[PDB]
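Since chain L is already given, all that's left is putting chain M with the ligands on it; use the hints.
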Amino acid sequence: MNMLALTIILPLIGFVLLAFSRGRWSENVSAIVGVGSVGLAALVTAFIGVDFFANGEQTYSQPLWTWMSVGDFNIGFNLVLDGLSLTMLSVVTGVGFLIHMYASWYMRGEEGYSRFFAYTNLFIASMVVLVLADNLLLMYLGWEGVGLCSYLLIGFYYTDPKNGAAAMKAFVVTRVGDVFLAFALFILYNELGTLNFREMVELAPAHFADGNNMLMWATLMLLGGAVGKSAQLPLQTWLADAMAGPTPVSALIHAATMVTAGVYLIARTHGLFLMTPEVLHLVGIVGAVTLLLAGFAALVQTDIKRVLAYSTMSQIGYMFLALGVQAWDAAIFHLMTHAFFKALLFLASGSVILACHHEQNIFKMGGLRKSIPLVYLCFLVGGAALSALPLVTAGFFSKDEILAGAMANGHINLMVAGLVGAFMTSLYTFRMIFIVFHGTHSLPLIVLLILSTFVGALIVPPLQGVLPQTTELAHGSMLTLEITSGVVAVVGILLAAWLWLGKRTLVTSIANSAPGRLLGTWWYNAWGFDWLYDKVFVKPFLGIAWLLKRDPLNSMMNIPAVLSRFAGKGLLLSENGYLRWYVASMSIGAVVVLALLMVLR
Amino acid sequence: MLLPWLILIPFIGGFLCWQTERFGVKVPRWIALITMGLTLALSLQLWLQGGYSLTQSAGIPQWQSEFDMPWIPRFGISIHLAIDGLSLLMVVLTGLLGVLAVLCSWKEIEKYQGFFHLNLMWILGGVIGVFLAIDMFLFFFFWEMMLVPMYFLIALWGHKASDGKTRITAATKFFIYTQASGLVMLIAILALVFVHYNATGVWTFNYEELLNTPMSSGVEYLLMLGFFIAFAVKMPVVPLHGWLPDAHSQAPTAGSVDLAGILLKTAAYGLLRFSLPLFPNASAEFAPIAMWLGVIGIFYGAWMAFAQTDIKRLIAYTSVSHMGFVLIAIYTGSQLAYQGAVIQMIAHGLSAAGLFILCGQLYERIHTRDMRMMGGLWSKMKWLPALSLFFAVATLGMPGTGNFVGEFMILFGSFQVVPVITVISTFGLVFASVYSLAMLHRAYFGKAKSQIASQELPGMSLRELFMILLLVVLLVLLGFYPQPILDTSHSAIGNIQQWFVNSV
Ligand SMILES: CCCCCCCCCCCCCCCCCC(=O)OC[C@H](COP(=O)(O)OCCN)OC(=O)CCCCCCCCCCCCCCCCC
Ligand SMILES: CCCCCCCCCCCCCCCCCC(=O)OC[C@H](COP(=O)(O)OCCN)OC(=O)CCCCCCCCCCCCCCCCC
Ligand SMILES: CCCCCCCCCCCCCCCCCC(=O)OC[C@H](COP(=O)(O)OCCN)OC(=O)CCCCCCCCCCCCCCCCC
Ligand SMILES: CCCCCCCCCCCCCCCCCC(=O)OC[C@H](COP(=O)(O)OCCN)OC(=O)CCCCCCCCCCCCCCCCC
Ligand SMILES: CCCCCCCCCCCCCCCCCC(=O)OC[C@H](COP(=O)(O)OCCN)OC(=O)CCCCCCCCCCCCCCCCC
Ligand SMILES: CCCCCCCCCCCCCCCCCC(=O)OC[C@H](COP(=O)(O)OCCN)OC(=O)CCCCCCCCCCCCCCCCC
Ligand SMILES: CCCCCCCCCCCCCCCCCCCC
Numbered sequence: 001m002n003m004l005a006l007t008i009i010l011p012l013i014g015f016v017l018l019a020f021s022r023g024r025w026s027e028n029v030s031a032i033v034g035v036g037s038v039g040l041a042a043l044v045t046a047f048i049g050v051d052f053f054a055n056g057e058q059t060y061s062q063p064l065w066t067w068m069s070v071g072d073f074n075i076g077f078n079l080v081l082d083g084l085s086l087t088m089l090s091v092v093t094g095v096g097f098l099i100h101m102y103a104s105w106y107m108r109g110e111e112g113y114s115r116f117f118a119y120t121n122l123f124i125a126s127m128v129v130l131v132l133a134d135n136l137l138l139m140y141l142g143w144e145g146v147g148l149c150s151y152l153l154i155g156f157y158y159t160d161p162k163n164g165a166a167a168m169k170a171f172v173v174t175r176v177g178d179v180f181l182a183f184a185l186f187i188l189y190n191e192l193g194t195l196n197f198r199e200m201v202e203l204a205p206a207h208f209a210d211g212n213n214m215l216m217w218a219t220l221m222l223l224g225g226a227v228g229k230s231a232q233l234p235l236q237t238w239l240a241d242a243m244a245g246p247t248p249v250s251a252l253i254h255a256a257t258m259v260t261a262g263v264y265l266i267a268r269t270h271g272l273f274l275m276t277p278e279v280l281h282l283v284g285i286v287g288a289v290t291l292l293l294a295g296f297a298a299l300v301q302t303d304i305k306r307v308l309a310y311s312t313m314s315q316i317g318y319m320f321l322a323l324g325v326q327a328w329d330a331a332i333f334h335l336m337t338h339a340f341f342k343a344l345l346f347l348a349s350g351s352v353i354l355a356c357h358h359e360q361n362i363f364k365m366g367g368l369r370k371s372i373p374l375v376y377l378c379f380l381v382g383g384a385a386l387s388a389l390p391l392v393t394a395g396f397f398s399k400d401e402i403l404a405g406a407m408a409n410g411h412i413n414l415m416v417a418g419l420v421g422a423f424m425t426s427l428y429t430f431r432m433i434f435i436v437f438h439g452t453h454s455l456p457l458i459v460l461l462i463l464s465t466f467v468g469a470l471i472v473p474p475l476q477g478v479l480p481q482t483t484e485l486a487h488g489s490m491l492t493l494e495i496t497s498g499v500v501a502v503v504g505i506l507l508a509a510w511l512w513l514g515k516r517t518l519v520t521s522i523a524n525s526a527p528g529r530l531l532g533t534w535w536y537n538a539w540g541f542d543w544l545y546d547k548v549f550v551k552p553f554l555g556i557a558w559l560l561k562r563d564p565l566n567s568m569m570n571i572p573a574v575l576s577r578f579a580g581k582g583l584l585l586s587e588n589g590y591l592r593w594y595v596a597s598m599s600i601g602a603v604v605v606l607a608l609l610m611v612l613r
Numbered sequence: 001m002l003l004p005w006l007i008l009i010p011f012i013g014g015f016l017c018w019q020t021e022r023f024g025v026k027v028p029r030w031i032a033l034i035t036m037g038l039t040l041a042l043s044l045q046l047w048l049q050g051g052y053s054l055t056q057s058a059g060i061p062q063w064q065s066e067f068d069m070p071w072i073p074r075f076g077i078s079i080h081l082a083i084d085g086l087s088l089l090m091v092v093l094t095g096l097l098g099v100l101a102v103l104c105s106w107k108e109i110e111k112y113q114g115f116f117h118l119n120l121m122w123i124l125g126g127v128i129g130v131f132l133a134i135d136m137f138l139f140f141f142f143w144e145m146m147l148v149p150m151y152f153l154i155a156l157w158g159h160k161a162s163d164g165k166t167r168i169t170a171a172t173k174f175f176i177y178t179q180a181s182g183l184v185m186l187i188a189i190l191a192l193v194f195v196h197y198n199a200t201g202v203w204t205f206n207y208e209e210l211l212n213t214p215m216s217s218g219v220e221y222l223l224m225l226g227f228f229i230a231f232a233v234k235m236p237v238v239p240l241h242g243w244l245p246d247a248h249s250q251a252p253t254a255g256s257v258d259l260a261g262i263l264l265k266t267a268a269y270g271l272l273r274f275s276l277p278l279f280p281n282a283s284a285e286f287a288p289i290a291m292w293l294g295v296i297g298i299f300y301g302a303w304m305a306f307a308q309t310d311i312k313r314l315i316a317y318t319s320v321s322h323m324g325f326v327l328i329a330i331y332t333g334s335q336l337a338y339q340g341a342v343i344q345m346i347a348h349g350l351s352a353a354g355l356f357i358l359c360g361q362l363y364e365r366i367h368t369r370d371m372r373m374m375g376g377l378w379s380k381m382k383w384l385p386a387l388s389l390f391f392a393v394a395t396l397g398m399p400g401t402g403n404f405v406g407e408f409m410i411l412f413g414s415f416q417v418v419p420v421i422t423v424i425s426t427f428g429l430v431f432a433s434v435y436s437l438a439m440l441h442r443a444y445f446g447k448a449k450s451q452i453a454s455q456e457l458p459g460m461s462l463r464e465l466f467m468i469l470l471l472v473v474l475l476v477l478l479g480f481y482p483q484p485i486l487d488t489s490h491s492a493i494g495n496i497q498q499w500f501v502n503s504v
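Chains as they are written, first to last, in the deposited numbering: chain L, 1 to 439, 452 to 613; chain M, 1 to 504.
Treat the hints with caution; some may be incorrect.
[What the hints assert, rightly or not] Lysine-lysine pairs mimicking DSS-like chemistry, simulated, CA-CA at most 25 Å apart: (1) L:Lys370 with L:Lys305; (2) M:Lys380 with L:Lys162; (3) M:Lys111 with M:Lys160; (4) L:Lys515 with L:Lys364; (5) M:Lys165 with L:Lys561; (6) L:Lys561 with M:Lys449; (7) M:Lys447 with L:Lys162; (8) M:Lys26 with M:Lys111; (9) L:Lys162 with M:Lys449; (10) L:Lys581 with M:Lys165.
If you're looking for bench data, these hints aren't it; they were derived computationally from the structure.
If we strip away everything but chain L, and leave its shape as in the complex, we get:
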């Protein structure tokens, strides 16, 4: 082991070298520096996993130095490594290396090649800090780092102001989530005196024996930070608009790094959530409603980017549902498989965008199965994995585990929400596939093609010892669960084929109807949450900024100067220059002084 700091340092070295190159190097040298830093991080991750499995899967700790030390406030700069950290680290490093190789092919001829690779290297380093941190404050360092790198990468084409506006929107919503996370940190340190995860879960049951309200508040604010970073309710409005960036950025954000951070937040702090069952049930409910709304919204999108964005939203909702039903292993397994096939889908859509031009509507393109066969195959495999086609794809086994965990813990409503979501996931995914594709063997594409099949389901995360085991379902009940999930996905595929592959008469009749038009407009704008958040937060912020743009406090502190000038001009009227008035003023003052002396005595 003892090379986790290298997995952080190598992307940092790449970011520093590529930033200070500032475009002077050639594209080949900048490409090999960036992808070599990420690939060396992946290779060191492979060696770390080999050494971790060579031992008895024991948790390793590498304390680099001490960050802050003020009395009892002792925040350490320590890295930790267990099965969950190794799983997320391997996912981040490997999928980031594949996306980096794809971008090395993809970004040729673009301005800011080295700037792009510097920002993605800083993204990788920030996420490795996030997953390896042993305390909540270093995890906050990684959290803010991935937020900053996402802002830098979404608005990569800075010349278009829409990309900058989308990047600022993503940064502001994630910073609201990060403020909720900060509240969680403040409550946890005030109650327990530490921010180390193991120390927190050791000390919390003793401290909260009398009152539990502060632990409930801390876990609720942890959930708020998680849904801020994972684009869930009610902080999900940034994900759809974050499509202004390039497709390697979208693949990285939606598969490797950003949306997966909330799941790691809930899973790493699972010990605190188990002592607040209502907050964990809220996590499950938030995931269920988020996946349902994302499935509704993905059905009516006219762009491949937006369909994939709301698909990512619904899959993160599936992970949150798995966490809320105490199926942690299912959540991390679905995390790894979704990272695989969602990276595959986004890189294939990037190839679609490159092969076509101008980012056309999905209805403008049609019958693309013959011009590009391999891209169509990648879209087919990614869609089949996303739709959970049985026994062929890893996403089937991931959703199987999630729904079985929801079954075994007596969560019927979240189970049926997941089944409805799987039906609609197949529906919208193959709606997009059959609209776009009906009517040169690059290595990362092939690797993610292999990993989107059952070969990805052959990889099992080593979570035995970190996360508690989910309660096992009965064999007959879990068999009917497999059968029900399979036929739900199958009739979703068949309905998507009957509905959009052909003359498309019935969908046109449904969409042109007045309730159909109303529901399509409602679901196209992500259920009106962007409109509500605009009208509730952005409009009064701009209104107060315009109302205060000429400093009112400065004016009400400058009015003594106005009174001074006015009183001085009024007093200067007595200096009229007339001697008779001067004598009169002396006699008036004499009268006043004498009367004052007689009155006061």
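Relative to the frame of chain L, chain M with the ligands by itself:
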């Protein structure tokens, strides 16, 4: 014994900057560079020989170094200097910022450049004197000492594109604000000294003897209010902030003037050293009002900074919001919040210095300060928009920079003391991110909104790039390894906090 030289080396250096202008017009910048280099080196030697990491808290008074010499023996007034960890950190900070101010005023050579350098050195020596003086009359004397070279810098050497009357107006507003507040502080100092004389019978302006002066609650509240008004003008604290954006906008366009006089925080140190120990009960009862004033300062400064079409006014209002954070931190009873306030003062000094220097370079390149007259300057300038991106990230509150360490230790301690105000201040961090991204979008990203923005602009030279990169390195090192600073300020902060919480 070196503290008199810590104040006198800037003054003798400024005199030499004036006097050696006759041998050459490129000479006074050099003499300023050596005298601020020796001041910085003397402060660093005081850091190295002090052993501030090993010293423990023993209560006020506890000075690592001291100096006394009688000045006005009729009133019991002496030149009485003393240094501890907090004063040492402020002195090292103002020495470093003085060196950066000399470097920023380089390549600006004209007649009476030596007078500019003399005014600069007298400002810096007055700042060092405020940080070192531990008797009240000398503290007040140094407090009003900086404002006359500051006034003449703003009014005579200020923003050359102004009308000439607006510079005088901003300088007069700044001088009147600061000197009226200082006079109210002098009334409080005089009444405290007279209360002590009526208690004992001896004249003393020494802060050590004025501690534990028996007085009633109303008198102590009034004295604390006079001190607080003086410290509230210069912090700034709303609504006494109005001098700051006008003084920044009309300051000399290099920005070295901002670093030397306007950007250092003698007011927060003044609150910590002379408000909490001298009037602990009155500060305890004034803490809700001051904390709510800090909250209003955070949000008012953020909303003002978002509404500016001017870069310099934007950065001034960023200073207003961050000092709202520090003002919340000071009136807690937490050692952690005070250490965060110290880190926040140092980090805000570094970050605002970088922001102001970069704005000066940008104005030199494009000859305008309107954010609506530029856009997409990332594609036109080699080094500046990336470093400005870093400093906007630093003032945003990003981890890895010392601003985050300061703000978050402040908020941890404040939440231990007052949770609601902490919650509202963290939403202030959200507002800070909003204005930082707004500035970045309006200036360096997008399309060119004018003809000057659509032109290739010359790159930064080695000197200005090196001072910006030094600021970057110091901010990153403060963010990742803030422990030497905490170890330096630990004993002083512990003395102040243990005095404040044990007398209430
Ligand atoms: C730490 C692990 C992760 C944990 C989370 C951390 C989060 C916080 C990290 C903050 C780091 C800074 C991020 C914001 C600034 C990014 C600057 C940037 O965009 O640099 C790219 C730019 C090259 O862009 P390009 O367009 O090619 O060229 C300019 C015009 N031709 O580059 C340039 O023009 C030149 C370089 C400009 C400044 C680069 C960044 C400076 C700060 C980092 C390095 C500091 C120095 C190293 C030593 C530190 C102390 C020992
Ligand atoms: C967040 C990312 C992960 C962290 C690495 C990168 C962080 C940012 C790098 C620049 C700033 C570094 C500041 C800190 C330097 C090391 C601090 C130090 O000397 O700590 C003392 C410690 C001595 O050991 P100990 O007795 O345990 O002391 C505990 C401390 N109270 O010393 C030690 O034990 C030393 C341990 C090894 C440290 C190696 C650091 C290498 C950093 C290379 C970075 C390259 C890129 C720089 C720019 C990054 C982006 C800003
Ligand atoms: C209601 C219940 C659920 C609440 C969930 C939590 C809150 C979620 C908030 C999400 C919405 C945030 C939207 C941010 C958009 C930012 C991007 C944008 O629209 O930028 C436009 C504008 C750009 O600025 P400018 O440079 O002037 O423009 C140049 C050209 N237009 O820039 C702007 O206009 C800046 C806009 C600033 C907005 C500030 C938002 C503050 C949020 C505070 C959250 C408080 C939450 C708790 C509330 C109490 C609960 C009991
Ligand atoms: C559904 C998915 C997840 C969504 C996100 C999660 C849900 C968020 C819902 C709320 C919105 C965010 C606000 C979070 C507030 C957290 C309050 C908190 O932590 O309070 C702790 C504090 C403990 O005090 P305690 O120790 O009990 O003192 C009595 C002595 N025993 O308790 C108290 O002192 C009690 C009162 C605390 C203060 C409450 C109000 C604070 C102000 C909020 C303002 C928000 C808007 C700011 C706007 C700024 C201007 C635009
Ligand atoms: C135990 C439960 C078992 C399962 C029960 C059912 C669960 C929900 C299933 C929903 C999906 C059913 C499949 C058929 C309809 C959807 C597919 C379809 O036909 O879509 C057409 C159209 C969008 O297609 P588009 O691409 O825009 O058109 C092509 C261009 N010519 O579509 C539209 O424009 C809108 C179509 C709306 C279809 C009906 C939706 C019903 C649900 C409405 C929920 C409203 C919100 C919640 C309630 C609020 C209070 C009333
Ligand atoms: C050209 C026109 C424009 C220029 C000129 C404008 C006007 C200038 C003058 C403004 C100030 C007016 C006088 C303020 C001080 C009043 C003092 C007073 O009333 O004292 C009474 C009492 C004395 O205390 P005593 O009772 O003797 O104590 C022993 C037992 N308790 O006191 C007490 O018991 C304590 C009373 C404390 C509160 C009184 C002071 C209020 C100050 C308000 C302003 C400051 C507000 C806070 C800070 C804001 C931000 C900086
Ligand atoms: C330049 C050196 C490149 C070395 C690359 C090493 C990695 C192979 C290519 C990426 C494969 C990614 C596979 C991810 C699997 C994640 C498994 C997690 C198990 C817990």
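Evaluation of the provided hints:
| no. | hint | in the structure |
| --- | --- | --- |
| 1 | L:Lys370 with L:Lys305 | holds, 22 Å |
| 2 | M:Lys380 with L:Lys162 | holds, 20 Å |
| 3 | M:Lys111 with M:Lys160 | holds, 15 Å |
| 4 | L:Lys515 with L:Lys364 | holds, 15 Å |
| 5 | M:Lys165 with L:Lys561 | holds, 23 Å |
| 6 | L:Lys561 with M:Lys449 | holds, 22 Å |
| 7 | M:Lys447 with L:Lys162 | holds, 11 Å |
| 8 | M:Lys26 with M:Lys111 | holds, 10 Å |
| 9 | L:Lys162 with M:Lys449 | holds, 16 Å |
| 10 | L:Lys581 with M:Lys165 | holds, 21 Å |
Every hint from the earlier list agrees with this structure, and none is contradicted.
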